[PDB]
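Engineer: So you can see what is in the structure, the chains are spelled out below.
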Amino acid sequence: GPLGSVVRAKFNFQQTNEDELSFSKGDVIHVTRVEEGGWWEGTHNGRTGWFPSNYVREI
Amino acid sequence: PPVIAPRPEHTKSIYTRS
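Chains as they are written, first to last, in this note's numbering: chain A, 1 to 59; chain B, 1 to 18.
No lab work stands behind these hints, which were simulated from the structure alone. Even for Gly, the Cβ is constructed at its ideal location relative to N, Cα and C. Misleading hints may appear alongside valid ones.
Claimed, not checked - Computed footprint of chain B on chain A; a stretch qualifies when at least three of its residues, placed anywhere within it, have a C-beta under 8 angstroms from a C-beta of chain B:
1) 11-17
2) 34-47
3) 50-59
Isolated chain A, as found in the complex:
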């Protein structure tokens, strides 16, 4: 499943909330939480946060 998966940002995403994970296309993200609704939580490098699940793709 996506939980615990490693995905890659397909598009740049700029957080709109402090708990969101900004990232650039190509960024590798570790999915740490999956919720239905368009957002997952995960980490990229030293950052953590929610991000649009449709902004990433499985590697």
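Dock chain B against chain A, hints included.
Structural biologist: Relative to chain A, chain B alone:
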């Protein structure tokens, strides 16, 4: 870029500050 759904409440916490 793709459409970003509004943050669902079930993904929010007191840390969901804008």
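Engineer: Now, for every hint given, state plainly whether the structure supports it.
Structural biologist: Here is how each hint holds up against the structure:
1. 11-17: holds (count 5)
2. 34-47: Holds: 6 residues of the region 34-47 of chain A have a Cβ under 8 angstroms from chain B.
3. 50-59: holds (count 4)
Checked against the numbered hints given earlier, the structure satisfies every one of them.
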